[PDB]
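Engineer: Chain by chain, the residues:
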Amino acid sequence: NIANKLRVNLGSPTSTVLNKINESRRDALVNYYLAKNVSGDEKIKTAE
Amino acid sequence: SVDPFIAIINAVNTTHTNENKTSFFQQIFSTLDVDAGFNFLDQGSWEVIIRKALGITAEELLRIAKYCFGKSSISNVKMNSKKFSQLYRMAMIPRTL
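Those protein sequences? They're chains E and A, same order as listed.
The first sequence runs 254 to 301 under the numbering used here.
The second sequence runs 316 to 412 under the numbering used here.
Think of the hints as simulated: they come from the structure by calculation, not from any bench.
Certain hints may be false.
The list that follows gives simulated cross-link-like pairs (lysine-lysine, DSS-like), each with its CA atoms no further than 30 Å apart [as the list claims (entries may be wrong)]: (1) A:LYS381 / E:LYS258; (2) A:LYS367 / E:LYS273; (3) E:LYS258 / A:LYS397; (4) A:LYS397 / A:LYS381.
Isolated chain A (complex conformation):
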């Protein structure tokens, strides 16, 4: 549909609208924050919910974070709605196939 295709190409839809209750971002990523700190060089409590959403293992998530950020700034990333697209993009193209 429209929202996963947008989230593949651009920002995940974070605007709560005249839908049922919420946006596509809180529908997929159950409880996170746009513009939050993410030390996914090591781990966090978000790391459960991102694997809930995308269906990734641990080292495949580490490799999918090696790309789309480079191997220099994996530690301190302030992920807005466009940086979650970098993770949704590389991990929903396989599962829709």
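Isolated chain E (complex conformation):
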């Protein structure tokens, strides 16, 4: 609730806060994709 309604007048799609949102989201998504759900036959462990 609080995350959906702190987005009301703050976090506009033309700002810099949403860039930090995306930077914190990619660090979760890349590590989670390294954790699960690739073709596991290829040795994919790091971000490179």
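Given chain E's structure and the hints, the job is docking chain A onto it.
Structural biologist: Positioned in the frame of chain E, the structure of chain A alone reads:
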């Protein structure tokens, strides 16, 4: 420009055209539905996005919904593209000034 002036006088432009990706309606109101139910007598999840667009507070949005619909049918409103003009009109005349 043409689209906010139209949206002041008449329906917000909902036709996706040969522009970049989308229409003026999805450019301003990020994700809503023309001809959807809006219980803005109480609240909803649209109430975040309308304040994103127009820049209104809560009670000023309630007063701006008291006008342009009357104090009888605030609850069950099926807002087409012409009813969003009733909200864009009364709240973009101040901010362009």
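Engineer: If a hint holds in the structure, say so; if it does not, say that too.
Structural biologist: Hint-by-hint comparison with the structure:
1. Annotation: proposed proximity of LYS381 of chain A to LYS258 of chain E holds, straight-line Cα distance about 23 Å (limit 30 Å).
2. Restraint check for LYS367 of chain A and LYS273 of chain E: the C-alpha separation of about 19 Å stays at or below 30 Å, so the hint holds.
3. Among the hinted pairs, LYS258 of chain E with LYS397 of chain A is consistent with the structure: their alpha-carbon atoms are about 27 Å apart, no more than 30 Å.
4. Note on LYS397 of chain A and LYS381 of chain A: the hinted pairing holds, with a Cα-Cα distance of about 17 Å set against a maximum of 30 Å.
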